[PDB]
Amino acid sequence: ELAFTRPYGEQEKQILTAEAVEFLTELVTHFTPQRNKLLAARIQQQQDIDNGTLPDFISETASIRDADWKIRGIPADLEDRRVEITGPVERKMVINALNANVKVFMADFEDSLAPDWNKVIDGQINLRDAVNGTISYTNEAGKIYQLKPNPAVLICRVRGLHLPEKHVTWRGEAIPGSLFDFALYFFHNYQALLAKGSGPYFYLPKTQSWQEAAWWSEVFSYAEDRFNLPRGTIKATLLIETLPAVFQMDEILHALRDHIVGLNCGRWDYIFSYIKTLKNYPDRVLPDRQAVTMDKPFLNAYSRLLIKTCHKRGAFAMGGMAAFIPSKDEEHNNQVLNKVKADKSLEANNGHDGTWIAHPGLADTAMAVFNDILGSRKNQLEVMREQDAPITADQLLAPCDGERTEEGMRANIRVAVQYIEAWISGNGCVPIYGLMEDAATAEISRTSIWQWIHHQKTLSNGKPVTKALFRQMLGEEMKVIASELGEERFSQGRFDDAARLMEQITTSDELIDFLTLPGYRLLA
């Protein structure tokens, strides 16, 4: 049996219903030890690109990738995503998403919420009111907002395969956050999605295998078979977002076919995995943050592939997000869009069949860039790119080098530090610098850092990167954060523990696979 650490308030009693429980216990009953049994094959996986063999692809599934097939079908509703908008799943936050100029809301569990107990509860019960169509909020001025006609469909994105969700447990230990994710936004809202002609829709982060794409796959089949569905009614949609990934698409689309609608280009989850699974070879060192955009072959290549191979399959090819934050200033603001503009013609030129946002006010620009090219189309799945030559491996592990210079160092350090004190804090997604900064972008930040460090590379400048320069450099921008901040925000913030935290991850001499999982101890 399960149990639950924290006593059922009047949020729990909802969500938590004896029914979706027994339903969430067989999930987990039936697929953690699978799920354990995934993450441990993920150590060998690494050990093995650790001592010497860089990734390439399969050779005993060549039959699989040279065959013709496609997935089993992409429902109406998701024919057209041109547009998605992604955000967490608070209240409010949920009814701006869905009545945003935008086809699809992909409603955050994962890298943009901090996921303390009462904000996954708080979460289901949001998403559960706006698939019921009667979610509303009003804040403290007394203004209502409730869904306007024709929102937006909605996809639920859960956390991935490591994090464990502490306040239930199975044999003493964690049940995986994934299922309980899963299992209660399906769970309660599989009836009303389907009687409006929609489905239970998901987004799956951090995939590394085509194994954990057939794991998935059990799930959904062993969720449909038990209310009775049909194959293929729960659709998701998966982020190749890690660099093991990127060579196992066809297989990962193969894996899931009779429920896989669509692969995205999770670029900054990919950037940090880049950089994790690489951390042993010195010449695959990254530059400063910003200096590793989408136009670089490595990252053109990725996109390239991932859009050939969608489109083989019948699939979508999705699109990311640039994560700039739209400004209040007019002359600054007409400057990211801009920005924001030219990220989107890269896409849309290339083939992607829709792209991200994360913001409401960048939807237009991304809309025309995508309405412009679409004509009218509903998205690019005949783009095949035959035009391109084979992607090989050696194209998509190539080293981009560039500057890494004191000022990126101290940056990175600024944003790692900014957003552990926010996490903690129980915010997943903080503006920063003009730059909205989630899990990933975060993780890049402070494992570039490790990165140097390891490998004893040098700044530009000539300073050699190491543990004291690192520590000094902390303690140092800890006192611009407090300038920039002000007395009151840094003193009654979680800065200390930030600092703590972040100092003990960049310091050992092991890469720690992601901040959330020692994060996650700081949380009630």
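By rigid core we mean the largest C-alpha set that fits within 1.5 Å across both forms. Residue numbers count along the first chain shown, from 1. First, how it differs from the form deposited in another entry.
- Candidate set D394, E173, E382, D329; criterion, C-alpha shift of 2 Å or more between these two forms after rigid-core fit; matching residue, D329.
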Given for the second form:
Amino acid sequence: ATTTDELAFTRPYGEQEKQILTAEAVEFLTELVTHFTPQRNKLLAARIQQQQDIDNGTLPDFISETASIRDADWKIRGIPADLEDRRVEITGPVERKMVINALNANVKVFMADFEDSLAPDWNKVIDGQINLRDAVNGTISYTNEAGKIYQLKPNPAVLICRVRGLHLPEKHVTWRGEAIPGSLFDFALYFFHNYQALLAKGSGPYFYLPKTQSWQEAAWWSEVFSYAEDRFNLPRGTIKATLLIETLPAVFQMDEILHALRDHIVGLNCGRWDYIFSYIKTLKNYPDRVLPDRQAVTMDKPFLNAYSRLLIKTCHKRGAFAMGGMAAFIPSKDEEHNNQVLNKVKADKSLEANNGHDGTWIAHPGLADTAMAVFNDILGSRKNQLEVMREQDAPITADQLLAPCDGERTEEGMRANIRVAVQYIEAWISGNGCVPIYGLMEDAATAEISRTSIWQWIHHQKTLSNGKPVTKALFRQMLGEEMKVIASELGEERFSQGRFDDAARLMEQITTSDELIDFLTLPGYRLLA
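Shown: the form deposited in one PDB entry; wanted: the form deposited in another entry:
Below you will find a single chain and nothing else.
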């Protein structure tokens, strides 16, 4: 095999590739790939070993050797002016109309997503980069078939780019015969095309980093960012990242993550679905760590409330933001029909604000004014809650963070998990990873927790609350039955013309396997061109 330091591209270039994959952009991407891919692969190997140690009976806990970091005073390098107020952020796909609508919403920040809300088709990833460049430059516009034009209002929301996680390949670009990291592809191109214009207008190149498991992964990101800064003669800490704590391993390393990325990091985030998905994956071999219906595993449960409070305390100790989670409801256009949903949003966001979160997430612009009002009321004239130290909280321990919550494993819950996961997967394999299902805007994490919970019940031979043993056979029977329910709900035309056969097959494959696969997106990606 050759010692090549060049990339290969599997797709022929059209107009879009000529815009994004310029000679200079590809030279920069190539440098990042050759400099950082070997270490990325070693990090993925380290994950395998850490998980083996947990499987073999040693539960996660804080790191003893780094006690000196945790018990010293220090803060992050800094937060730029336009990231000092992030009370509401909207998340969404990098599709052109969606980008315009999100930037125009009454929010502080739009997180444009190449990760869980994107089915990463090559054309969609390239189009996404084209759209974000046009958005940064202020020119992005879209005219629909009815002749309505969509353009940016004055003073759009601040833009932040979420990259693919460390496990994901970008299969259309290879180095030494192997797919390059999608993380590097997404980072390199958004950074390269936009850093100059972002900085000139008083903003900067900002990223969201998903699914981190360790401080060493954060250190890798800081090396990538420092390389990019140095390459274009930017001061250290020009690139700013917000990092989701949405894996169980990461909740024990938040302070070390903040330290390893201290030049670049400006906040951490709580979430629900990726985190409990990870809880199950991480504790997959523990018979006493079986979670009940994921629908019942709510943020107020002791282990999740401990996670929230620890994240807030840790972030604020270091002068970093502590972001709350997602309200994914799709409200009616008629306000008279939204009372129940908006009351739920108000209750949930009030809980977060009262706990000390600096901001929170929505998926739909119709929730912006409600979410903003909750934070406006509790913040008063404050921009954020960085001064909320939670010093009165007792220590939070691993036992508390690991304690499975009360609840039932129900047939209704299991069937609902099947319907939601299958409908998500059907949309994803058709190219849409941000999917309205039963009034919620769902991303991949919803399908992940749904299939992983069922896997856990099968693996540990658990009964449902009605006494039925959960088995592969029971799941297969229920799958067939719920496919008929989906068909009735959507109608013959939508169902027959859809990709539900293929979605059910993938769901069956990922749920009934003896081994718990890490991510459904890996086998799913094989179905994309």
